[PDB]
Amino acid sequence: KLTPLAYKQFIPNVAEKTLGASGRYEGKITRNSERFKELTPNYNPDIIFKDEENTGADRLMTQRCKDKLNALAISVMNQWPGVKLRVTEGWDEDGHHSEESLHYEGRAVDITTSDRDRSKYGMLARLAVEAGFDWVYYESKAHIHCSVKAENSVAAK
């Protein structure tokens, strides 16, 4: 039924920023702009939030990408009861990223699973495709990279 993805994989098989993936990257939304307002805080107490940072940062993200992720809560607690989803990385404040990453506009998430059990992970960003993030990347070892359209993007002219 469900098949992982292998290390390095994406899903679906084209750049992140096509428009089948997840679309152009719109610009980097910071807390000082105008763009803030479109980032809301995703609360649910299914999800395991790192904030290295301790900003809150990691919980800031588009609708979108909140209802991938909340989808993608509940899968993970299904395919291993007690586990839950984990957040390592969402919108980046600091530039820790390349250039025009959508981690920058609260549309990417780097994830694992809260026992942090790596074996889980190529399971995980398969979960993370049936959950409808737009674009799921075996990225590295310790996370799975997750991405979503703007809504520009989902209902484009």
Second form
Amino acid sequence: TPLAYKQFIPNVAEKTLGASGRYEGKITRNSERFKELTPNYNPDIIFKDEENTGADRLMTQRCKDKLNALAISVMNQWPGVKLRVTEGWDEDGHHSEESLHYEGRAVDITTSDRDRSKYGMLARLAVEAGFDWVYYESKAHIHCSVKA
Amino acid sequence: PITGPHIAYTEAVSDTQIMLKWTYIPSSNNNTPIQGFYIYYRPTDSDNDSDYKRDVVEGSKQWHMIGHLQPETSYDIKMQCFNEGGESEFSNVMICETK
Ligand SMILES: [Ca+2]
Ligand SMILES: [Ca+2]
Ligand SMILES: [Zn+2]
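Alt. form deposited with the partner chain bound, vs. the form solved without the partner chain above:
So here's everything in the complex, that chain up top.
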């Protein structure tokens, strides 16, 4: 079943043990933890990259794994449509303190066509792809995160 | 200028307006006179770097209110400082939704 605006699955807070677990600290560009992050170059994912830095591609191995599975299910669901990432790992700083975006453990996503009528189902597909927490965060995107 | 501003925060103040506040340190460009800042904003649904609209603000300001935006719409926001010689690097790019 599709999620609706403001709904999350599992229906518990993101940082709970059963969901994505605790924040571990912001990962900055000059840091040692930054080396755990490698760019996702999957040709079936669109990365917004408004930053012109490639930051949105950077994410943990687990985040990659679930994101790549979702890329397949999106194309299966709606032929001609692809998964789009608006935010991956972030250094711009507009996310809340303790945001999993600062650790490469969260992505904001849309469909390639920006058809908001598809977002509830996109959220369901992210749950089925194995994201540890999926949140219809905004009318404009779905937020998906993973455990450390 | 060869150092651009840094956007500290963006926050929606209404369904049509977003406040942004930046830092810019004059000595980062040897105290070269800066004539002002350019503030760029485009709907987040666009990935077309040509779709940024621009506001021009004076050099003394460290904040700006962008107006005439669309209700409940996300915007990509970035900025430059400028002078007679030309323009800086772009800042960090924030994403911010109107109410
Ligand atoms: Ca981005
Ligand atoms: Ca970002
Ligand atoms: Zn998010």
